[PDB]
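Take a look at this single chain, the form deposited in one PDB entry, given in structure tokens.
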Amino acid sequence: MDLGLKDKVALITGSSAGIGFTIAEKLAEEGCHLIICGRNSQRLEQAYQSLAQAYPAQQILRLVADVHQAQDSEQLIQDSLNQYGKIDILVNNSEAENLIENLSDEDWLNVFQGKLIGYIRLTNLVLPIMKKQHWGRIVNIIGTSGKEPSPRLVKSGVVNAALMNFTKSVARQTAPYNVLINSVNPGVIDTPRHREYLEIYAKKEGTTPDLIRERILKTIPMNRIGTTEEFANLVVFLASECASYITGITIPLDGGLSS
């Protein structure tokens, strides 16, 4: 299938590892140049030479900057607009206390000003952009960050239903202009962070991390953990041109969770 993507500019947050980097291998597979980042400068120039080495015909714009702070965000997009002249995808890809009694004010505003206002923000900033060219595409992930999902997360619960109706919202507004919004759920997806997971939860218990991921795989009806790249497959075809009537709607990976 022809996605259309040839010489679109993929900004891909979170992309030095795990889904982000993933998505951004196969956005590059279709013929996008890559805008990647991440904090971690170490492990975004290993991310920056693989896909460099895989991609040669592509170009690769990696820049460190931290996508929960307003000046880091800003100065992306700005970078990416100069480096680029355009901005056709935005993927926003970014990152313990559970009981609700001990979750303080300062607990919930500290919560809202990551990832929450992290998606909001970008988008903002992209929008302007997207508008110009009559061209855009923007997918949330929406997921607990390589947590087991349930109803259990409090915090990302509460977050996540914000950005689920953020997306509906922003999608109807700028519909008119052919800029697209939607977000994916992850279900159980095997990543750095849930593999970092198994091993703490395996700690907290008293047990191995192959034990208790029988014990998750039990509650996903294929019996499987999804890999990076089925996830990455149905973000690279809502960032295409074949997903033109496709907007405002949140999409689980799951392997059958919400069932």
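Residue numbers count along the first chain shown, from 1. For the two forms, the rigid core is made up of the largest set of C-alpha atoms that agree within 1.5 Å on superposition. First, how it differs from the form deposited in another entry.
- After superposition on the rigid core, the C-alpha displacement between these two forms reaches 2 Å or more for just one residue among 86, 147, 168, 131, namely 147.
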Contents of the next structure:
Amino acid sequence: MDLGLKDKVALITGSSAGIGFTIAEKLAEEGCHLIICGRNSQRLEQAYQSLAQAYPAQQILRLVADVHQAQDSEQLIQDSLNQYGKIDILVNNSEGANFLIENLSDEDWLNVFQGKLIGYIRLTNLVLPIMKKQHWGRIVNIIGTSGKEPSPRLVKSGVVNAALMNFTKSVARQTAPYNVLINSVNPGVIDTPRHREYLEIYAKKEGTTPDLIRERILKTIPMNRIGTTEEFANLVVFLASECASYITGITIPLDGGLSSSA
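Can you return the structure of this protein in the form deposited in another entry rather than the form deposited in one PDB entry?
What follows is just the one chain, with no partners and no other molecules.
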């Protein structure tokens, strides 16, 4: 399927590892030029070298930026514009809340809202005039199924994820006549560094092994397997495509059937 992405410019946030890195690879494969970013310079340079060596025909700009920070996010967009003169695609991908409700303080909630929640809203606001001006844009938000059905070990995430799903609908409605399409994808369980970190921290809290936490997860997923970042990236790349030109304002679970199992 020709996805019409040749020479499009994609900004993928949080793209030195996990879901974000594989999305960057797959967009480069379809002919996009990239902007990649992350907080840790060493990890970012490793990712940059991997992508540059794999897709030497594509332009790739790597920038150290914390996209929870206003200054870094504003400067990321300006650097991107200085390099490419346009941004066609934005993938919003950044870290959510950390791993009883009465015990969470105001500060705890405020740090949550000042992370991924305003992070995605801010970068959306920053790219909208760019994409509107050219009557072509795609924004894909990487959210999480907890926004739809919350999980006990994920309370703050669920609140943030619900908010972002609602935001997605409101902005989609406003930007639709400009051919600026905005969607979200809710990962189920996808095998990334963060997922494997979740396996360690909860095996300890629960006094068990990563393997047993994983067997318990696998029993909940109809497919009886944890998704790969490639499987996840395929949908994101489709939504970022010319082929997805009538799809906007929706949130799609990518979860091995987890939502059918609720």
